[PDB]
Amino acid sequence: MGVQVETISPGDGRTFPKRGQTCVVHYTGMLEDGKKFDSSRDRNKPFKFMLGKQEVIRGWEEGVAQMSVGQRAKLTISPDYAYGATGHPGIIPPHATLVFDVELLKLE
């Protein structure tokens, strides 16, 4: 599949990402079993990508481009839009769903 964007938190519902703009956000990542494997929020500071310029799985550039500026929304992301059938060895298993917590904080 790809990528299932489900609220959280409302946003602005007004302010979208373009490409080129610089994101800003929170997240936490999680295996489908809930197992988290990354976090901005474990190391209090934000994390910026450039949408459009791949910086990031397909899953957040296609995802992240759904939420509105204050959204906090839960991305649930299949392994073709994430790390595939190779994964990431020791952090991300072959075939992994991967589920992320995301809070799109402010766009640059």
Second form
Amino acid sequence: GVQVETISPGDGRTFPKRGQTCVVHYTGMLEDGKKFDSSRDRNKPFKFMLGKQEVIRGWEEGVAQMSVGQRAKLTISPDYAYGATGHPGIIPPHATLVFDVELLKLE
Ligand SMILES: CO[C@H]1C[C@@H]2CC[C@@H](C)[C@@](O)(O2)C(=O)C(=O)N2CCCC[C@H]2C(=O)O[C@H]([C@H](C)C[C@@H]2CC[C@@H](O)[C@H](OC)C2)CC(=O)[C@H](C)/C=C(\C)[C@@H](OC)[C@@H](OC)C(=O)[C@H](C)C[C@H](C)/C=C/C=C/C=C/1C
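I have the form solved without ligand MR8 already, so could you send the form solved in complex with ligand MR8?
Then the entire complex follows, led off by the chain already shown.
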């Protein structure tokens, strides 16, 4: 599944709804391993639409329980991430992923 652990609290009131654009900064890391991606390094936030199957299941259910301004550690099991096949050349089979996610704004 997905485990959400708060780093910094949000407003505890403004949660994304299905169909909204979430604007986030993230850092992705293989559990007890190597960092693979970060939007912070690129000085440019990532945007996606909740409920439109644009991101892995762990992100869909993880970000949905976050309020605006919240920063949280998301721990995602393989079946909620890339599963048995992984992501070719980057993510191995059966990888547990950890993400540092901050919810910047909704659009
Ligand atoms: C160069 O950076 C790209 C993302 C990279 C790609 C490799 C990943 C290991 C890496 O590092 O992020 C991650 O950190 C990662 O795991 N992410 C990105 C952050 C959100 C969560 C997750 C994810 O779901 O990635 C995904 C991941 C690589 C998608 C996999 C695609 C193949 C499926 O079988 C997988 O099943 C488990 C999910 C990519 C995106 O977040 C991306 C916005 C969506 C894409 C490419 C597709 O949606 C599934 C696409 O399909 C036509 C769209 O609808 C898309 C919104 C259309 C526009 C034109 C494309 C935008 C492309 C954006 C791509 C990026 C920002």
